[PDB]
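Note that this complex is displayed minus one protein chain, with the remaining chains in position.
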Amino acid sequence: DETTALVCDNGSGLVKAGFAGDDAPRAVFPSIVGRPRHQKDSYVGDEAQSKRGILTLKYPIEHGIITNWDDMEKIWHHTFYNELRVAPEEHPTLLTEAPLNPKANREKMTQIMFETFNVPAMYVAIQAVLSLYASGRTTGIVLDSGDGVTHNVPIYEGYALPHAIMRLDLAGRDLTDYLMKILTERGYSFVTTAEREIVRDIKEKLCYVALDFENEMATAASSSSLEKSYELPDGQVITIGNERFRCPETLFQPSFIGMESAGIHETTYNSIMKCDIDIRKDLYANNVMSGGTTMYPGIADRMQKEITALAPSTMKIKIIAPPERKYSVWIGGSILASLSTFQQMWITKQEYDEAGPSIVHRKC
Amino acid sequence: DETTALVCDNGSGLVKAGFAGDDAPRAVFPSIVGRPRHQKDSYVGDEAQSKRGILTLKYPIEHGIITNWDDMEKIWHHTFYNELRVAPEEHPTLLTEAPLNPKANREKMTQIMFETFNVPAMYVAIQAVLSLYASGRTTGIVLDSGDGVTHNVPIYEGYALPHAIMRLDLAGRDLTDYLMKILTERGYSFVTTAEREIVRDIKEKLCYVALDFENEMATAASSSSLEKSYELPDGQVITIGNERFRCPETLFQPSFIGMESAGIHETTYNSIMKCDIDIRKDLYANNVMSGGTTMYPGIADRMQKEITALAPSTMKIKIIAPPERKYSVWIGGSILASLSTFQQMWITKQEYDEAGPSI
Partner (left out) sequence: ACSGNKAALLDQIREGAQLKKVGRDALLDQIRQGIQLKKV
C-alpha cells in the first residue's frame, strides 16, 4: 500500500489508523503522550504507559476535542512514522472530528496537516457520520459513545444537523471508574498501577445491560443465575453479580455517578424531537450505534424498549448494532476515502496554498 | 573459547575477568599496578605485591571509579594478554562501571577500548544492575559492597534510578583496617609486610554479623560461646571473641571508624524512600546483595530485621543473598553478554568511528 489514502480516527482514549480500502484499523493505540517528568524526549501509546512511572502522561483529546496541539502532533508523528510506517507527503489523509468541533480547531488541524506533515491532500469528516456510512445509510441518528464522550447525531442525506446534536460527557472512561469504585466498596483493593487495567477488562468481558433494571436486580437477589467469575493474575478469584449490569446502567441513569443529566435514551429521543417532523420517521427507524461503549450485550434491545416507550405508538423503531461498531467510525472512513465519487472532495495542498486554512468549510 | 565475548568487572580492590557463558571468572587478581620505585617497566597483580618492596604500588580504581588511566591500561593489558591469554581485537568485550560514573569517564573508557585495544565491539554496564540480573530480576534494590565503596542502587525494569542512589565510602578495605586496629590494641603486633594479609583472612574466616549487637555483646561477656581461634603461621595461636562481630558492625554503625555517616540499613531505607511510592513494594521485596563485603554470615537476617523496623508494618520485606554474590556482578555480565536479544546492543567499532566516543 503506497500512494493510497490514509484514515485516521482520533478518539479521546484510542487512536485508530490504517489504509483506505482495508476492513479494519491496522493500528489501535492509546491516545496519550508522555514527556520526561524530570531532567529521548517523548513517548506515545503503549510504551508511554509502560514507563508512566518516569513521565508526565497527558491526553491531547478531551471530550473528543483536541486540546493540546503539541501533544497531538506527537501522536500523528507516532501514527505515520512509528505505527503505519509511512510518509505523510505521499498519502492523502482523511481525519475525523467530533460533532460540534469549533471551526478554529478544524482549521488548526488542516493547517498542521499541510504545513507540518505536508500531506498531498486531506479531508476532515465528522465521526458520527462515518459510522452511519459504515452501515450503508445516509439518513439516521447515530449514538456514538467512546472513551471520553457520548453524542446523539441526527443526519439527513449525508449532512449532520447541528441544532439537534446532544452531547453527554459520560463514556467508558467514567464507567470503568464507576466499576472500580463499587468493586472496591466490597473489599477488592484496586488502584491504578495495573488494577485500572483489569477493571477495564472485567468491564468489557462481564458487563451487560439489563432489559429491566428493577426486574434484573430482583433476579440477582433471589438466585445466583447472574453471578460470574474472574480470576485475577495474582491468583485471587472474584465473583460478580448485579455489578455486571449496574455499571452500564449509568448510561440510562447518570444519577449513578451523580450526574444530574439525562440518559442516552432520553437524549436520543430529545435529539429526534429537535428535528423536522417529516424526517423523524426515517430517524426512528435508523438508530445506528457506534463506539466501544455501545458494545455491551443487551444494549440494543434496552434501547429499542426505552425508545418505543418515549415515542408515538405508531412509529416503527429500529436499532442497528453492527458487530463491528467498535470500529464503525474508522470503517466508515475507510469506505468513504476509497470511493471514486469522493476523489473530487479532497482538499489539495494547492487549494490550501491559494485560499488558506479556511478552504475547509462548506455548507449545503 | 574464541570469537566469544569477554566480561571484565573492575573492582576497587579486585579485577574479575572471564568468558561470557561461563559460570565464574577464570581470573581474579588484585587491582593494583607497580612501577620501579627507582632507576622490566611495570608489574600488575599478585606479582606486583610479591615485589612491592622495590616498586611504587598504585590503585587505578578508587571508590569504584577509575582515576589513573595509564595504570588502568596496564591492568587491561595484563587482563587480556597475561590472564585470559586472548587478543582483544577478536572478542567483543563487556565492561562494568560504578553507579554515578561521570560521562567523561565512560567515554574515556570506550575510547581506549576502541583506539588502543581495537576490540570489535563493546558495552558498558552498571555493576549493581548485573548483580540484579544474576538473581533473575529486572526490578529491585541492590546493595553492592566491595573492597572500596558501597552503593544502594534502586532499579526498575532494567534501568537504574540515579536520583535515588546512595553512596557510602565504607567497604572491606576499611573493615580490614578496623580489625587490624582492634586486634593490635590487644597485644597483637600487626604491620603490613604480611600481616595485613592475615588480618584479611581472619576477617573472611571468622567475622560475622550479630542479629542483636547489644545482645550479642552480653553473650560474649558472660561465656566463651563465641570465642574462636586462629593459628598464625609463625605458630602463635590467637583467640577472638566479640571482635568477630564488632568488625562487621561498622556497616550498620559507621561511627565505629568515626564516620558520621549512616548505616547500610538506613541508606537502604533512605534509597527506597527516594523512589516512586508505587514501586516501593517491588523494591522492599527484592533486596539483592552483591560484593565480597556482603559475604558475612548473619548479614542477610540482620538486614531483614533492621528494614522491617524502618518500614511500614504492612510491607513484605525480602533479602536475597546469593551464595555466589561475591561474583554476582561478573556473573550478571557473563549472562547478559551471552543472551541473543542482547547481541544488537553491542557498540561496534564502526558505530564508534562514525559518531565518536559519545555513541
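Letters A and B mark the chains as written, and numbering starts fresh at 1 in each.
Note that contacts are C-beta pairs under 8 Å (C-beta built on N, C-alpha and C of every residue); 3 or more make two chains touch, one makes a residue touch a chain.
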Residue of B:39, B:189 or B:340 in touch with the missing chain, whole complex considered: B:340
Omitted-chain contact residue, chosen from B:21, B:102, B:162 or B:312: B:21
Touch criterion as defined above, residue of A:66, A:335 or A:347 at the omitted chain: A:335
Residues of chain B (touch criterion as defined above) contacting the omitted chain: 18, 21-24, 26, 133, 136-138, 157-158, 331, 334-336, 338-342, 344-345
Positions on chain A where the hidden chain makes contact: 18-19, 21-24, 26, 50, 133, 136-138, 157-158, 331, 334-336, 338-342, 344-345, 362-364
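To be clear about the criterion, only the chains that are shown with their structure count from here on.
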CA centroid of chain A to CA centroid of chain B, Å: 55
Residue ranges of chain A touching chain B (in the complex, touch as defined): 38, 51, 53, 193
Chain B residues touching chain A - in the complex, by the definition given at the top: 156-157, 163, 276, 278-279
